[PDB]
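Engineer: Each chain is listed here by its residues.
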Amino acid sequence: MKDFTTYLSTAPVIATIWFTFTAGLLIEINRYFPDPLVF
Amino acid sequence: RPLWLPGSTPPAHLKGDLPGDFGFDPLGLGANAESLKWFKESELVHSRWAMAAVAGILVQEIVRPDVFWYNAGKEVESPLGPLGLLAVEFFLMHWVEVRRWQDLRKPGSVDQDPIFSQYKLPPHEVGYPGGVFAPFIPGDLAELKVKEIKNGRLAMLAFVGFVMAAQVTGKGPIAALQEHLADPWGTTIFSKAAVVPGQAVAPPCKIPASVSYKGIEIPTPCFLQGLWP
Amino acid sequence: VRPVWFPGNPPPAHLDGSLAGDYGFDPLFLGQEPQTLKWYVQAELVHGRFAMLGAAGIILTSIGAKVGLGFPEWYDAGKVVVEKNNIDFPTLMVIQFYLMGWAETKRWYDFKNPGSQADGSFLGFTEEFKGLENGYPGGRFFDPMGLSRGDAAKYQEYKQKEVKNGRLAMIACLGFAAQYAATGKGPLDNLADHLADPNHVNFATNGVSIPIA
Amino acid sequence: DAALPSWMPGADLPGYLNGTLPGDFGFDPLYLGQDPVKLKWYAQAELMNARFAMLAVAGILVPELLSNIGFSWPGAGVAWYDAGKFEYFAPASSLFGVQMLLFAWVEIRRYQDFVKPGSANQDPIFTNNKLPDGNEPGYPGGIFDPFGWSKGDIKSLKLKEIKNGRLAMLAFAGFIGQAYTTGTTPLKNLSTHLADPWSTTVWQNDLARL
Amino acid sequence: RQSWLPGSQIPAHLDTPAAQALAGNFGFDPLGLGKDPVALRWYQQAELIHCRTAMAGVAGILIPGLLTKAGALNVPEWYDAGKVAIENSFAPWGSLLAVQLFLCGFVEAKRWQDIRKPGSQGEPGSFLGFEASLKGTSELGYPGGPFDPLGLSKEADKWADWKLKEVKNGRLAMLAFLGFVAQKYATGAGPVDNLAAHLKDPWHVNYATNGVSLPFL
Ligand code: CLA
Ligand SMILES: CC1=C[C@H](O)CC(C)(C)[C@H]1/C=C/C(C)=C/C=C/C(C)=C/C=C/C=C(C)/C=C/C=C(C)/C=C/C1=C(C)C[C@H](O)CC1(C)C
Ligand SMILES: CC1=C[C@H](O)CC(C)(C)[C@H]1/C=C/C(C)=C/C=C/C(C)=C/C=C/C=C(C)/C=C/C=C(C)/C=C/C1=C(C)C[C@H](O)CC1(C)C
Ligand SMILES: CC1=C[C@H](O)CC(C)(C)[C@H]1/C=C/C(C)=C/C=C/C(C)=C/C=C/C=C(C)/C=C/C=C(C)/C=C/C1=C(C)C[C@H](O)CC1(C)C
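Protein chains in written order, with the entry's author numbering: chain J, 1 to 39; chain 6, 29 to 257; chain 7, 29 to 241; chain 4, 55 to 264; chain 8, 27 to 243.
Hints are supplied without guarantee of correctness; some may be wrong.
[As the list claims (entries may be wrong)] Here are the simulated DSBU-like cross-link-like pairs (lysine-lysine), alpha carbons at most 30 angstroms apart as the crow flies:
id, chain 1, residue 1, chain 2, residue 2
1, 7, 140, 8, 61
2, 6, 220, 6, 234
3, 4, 94, 8, 184
4, 6, 43, 6, 102
Honestly, the hints are just simulated from the structure, not real lab data.
Taking the hints into account, I'd like the entire structure generated from these sequences.
Structural biologist: This is the structure in structure tokens:
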């Protein structure tokens, strides 16, 4: 399990998870707050 | 030594020192010393309360057969208001229960009369005050203690039976006994209900759900009617 | 030596039979690490206790619903309670989250630092939050009867009974969810329907479990 | 931690209460008197609050007691909470200012004697007039005790004073509570309760408004 | 050792003897903004100023507001008192703000120079002889002289207690004002009105029912 977690801690896996989280957050924000142009 | 199961081994924590010790503890609730010390007083208080309650219920039905004990809290009118009686009972019970609780947690600390300095209870054990509380002790103390705990256990089961019979048949203890003695084969709990994988029949709750007491609507539901057999 | 989940296969090295309900069941090696295993033990205990309470409540309410007592089903009890009594749903959510947050945060920081909640910073209580073992918080508050501080063998037997009953309750809660999602009725209604005709009223005839049936 | 009287026979009282202060019964569940300086200040605060509450309860109960009998005077039917908006020889503001100046003088003198015992026993105008050297804060004596009542059992009298003061403080709190709930004077509440105590209790009266 | 989270690891920068001498030390610093001792000293001064300013403002909002509920006063709401006060005033808000900025800048600059160099305001022949009283005590942010006229800071036995009553209260006041703003943007009424509305029915009048604090419910 330690080796598997270390593999999950590698740069491509971490980048994939982080970008999926960031993209999901932005998509959900644009979904609940459609068409945001100004503050 | 008599036991609750002849030929069985009593628990290690039950050495037969306390009165009424019959080696009955399958759950091991009395394994701890402090827990056993607290439960001993709990059993003694429960025993005395149940004994007085059962005797009172029987005398109530004998003297007043037209008044149901289950309805005794509703069909009794006194010049003293219910809230006043509740306040008096709350203050007196609070005083005596705090004194008893302090004696339990701190033995030999509340034996002195707070009003008169010339009155003090002699040294005793927790749960057995004595002194002014025991003006006459006819016979041995250990034998009488065993008799008291046995009568108390019987009275506890008797009160539970009183409540269940009053909720299932709607009659008092003597009335239920006479009704059972009239038709013994058709008045037992087995004759009133039965459960099978295809049908589950239970006796109806004779106690009404709501009781009107000076415009307050006190709810009076039968104890665990859903789990009734 | 001890019975394992799948007979004939040796148990894993990280499961030596010391914990309660140890049957060497870890094919994915999720609890291979010691700290992760400790965290998972506390998670399983919390899950089992919550599932036991949920299963007991569901069974009692279903018993009252089957007999003429007016009880609602478990899948409608929340709506019935919030509508029958003037109870605001977000307020109840916030109150529950406050109380659960306090209790769970104290339990969490006790897991991170064992015995740290016994310093007396919470109203002066010290021995009531010391904690006996991981996931087993003994004391006068959580164990007023003192069944964990007397007769060690009985305590171990009760630990095994607790973990097994918790696992069974978790399976029961999953069964409640699946039965409501498939049949659409209460659990006791499904039990009565099965007892009426067990050869034709089961999951093989509900039309949802087996689509090719 | 001795044979001194306690508010709970058998309870483990704190050790900072050794019976030095009058009416020590070891009653401090919140441990507010742990700090010796805080306890020293709280003793004087309790004494002052107790004496003012005693004067207040006496001044609330005496006019109502004399009003219920044939005795009559200008302010008779006015309640204790209604005496503020009464017509006097001077406006309330003027009396408030005069009393604030007078109380400022006496309170600063009392505080001076509290921070330094025996430093305020001398009369500023008449140098011959003074209080006895043996004195303690909160117990002036001298001209304040012209009858020499303190020459006897000072401990028993101090115990009586603190007990009566605590009872009067609770009585004033009860006066505020009864005036806010029943909206009637305290002696009228006492008469109403004495008419039929079984049906006139705090539970019954408060439940009738719920 | 009192902690803001029983069982949490207290930061090392908040466990030093110099940091432990600060009032209200509960080891609360998750972001680690006080790791630098100089930054910690500056933030301590900022916290003291915020505590005193918030206490004065919250008192000026709560006490007149509570007296307005009764018949003692008639002070308007804190969010509307500025307009009412400037209506029947002798100066516009701009001129008043300019005079205020000058008067506040003078004392704030003197306090800033004292923060940079403790006791530097006692330079002889610089403030018409009043410079002798402008030297603070041994603790930064706690000056004497003209400040503290009653001399309650001379007694050390209660000193450590007094500071504990100043920071804590100040922190509470700092939260109070924050609530005063949030409530104004969630109910549209004053703080006393919100308190009375909640006391009338707490199970239905709270932030879970205002429709703003919980947009997902
Ligand atoms: C000196 C203490 C004292 C005394 C002698 C009384 C006496 C009385 N109160 Mg009262 N009360 C008190 C304090 C006191 N109170 C305090 C501190 C409060 C809180 C602010 C209240 C709030 C209150 C309310 C809301 C009401 C009364 C009411 C009453 C009257 C009858 C019903 C009742 O007793 O309720 C119960 C009284 C209490 C629960 C107070 C607690 C007991 C106190 C602390 C005394 C402690 C007992 C001690 C051993 C002394 C015994 C008496 C002694 C002089 C011999 C009665 C004459 C009712 C009334 O006005 O009648 C119309 C009413 O509704 N009281
Ligand atoms: C302390 C003292 C001392 C001094 O010196 C003297 C004096 C004063 C005398 C004292 C006192 C005492 C007392 C109080 C006593 C009491 C007791 C009791 C009550 C018992 C009971 C006891 C009681 C008991 C057991 C009871 C039992 C019962 C029973 C079984 C019942 C049964 C039944 C039922 C279920 C139901 C049905 O329907 C009927 C029947 C069948 C019938
Ligand atoms: C071990 C392992 C590892 C390896 O390696 C792999 C594998 C195989 C994956 C594994 C396995 C796993 C599993 C089996 C899991 C499961 C779990 C569960 C089922 C849980 C539940 C759990 C469950 C739970 C908690 C539950 C609970 C419940 C509850 C609360 C309820 C509640 C309620 C009620 C009363 C009624 C009302 O009306 C409603 C509600 C509100 C709804
Ligand atoms: C510690 C820490 C660190 C870690 O690491 C992280 C974290 C978490 C971030 C943290 C926390 C923080 C916080 C909480 C903060 C807050 C603060 C505040 C709130 C302030 C206020 C503060 C506040 C303040 C000053 C205030 C003040 C006020 C005032 C003046 C007022 C005034 C006024 C008045 C009288 C009245 C009129 O009519 C109006 C006006 C004109 C309006």
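Engineer: Please list, smallest to largest, the hint numbers that this structure does not respect.
Structural biologist: Violated: hint 4 alone.
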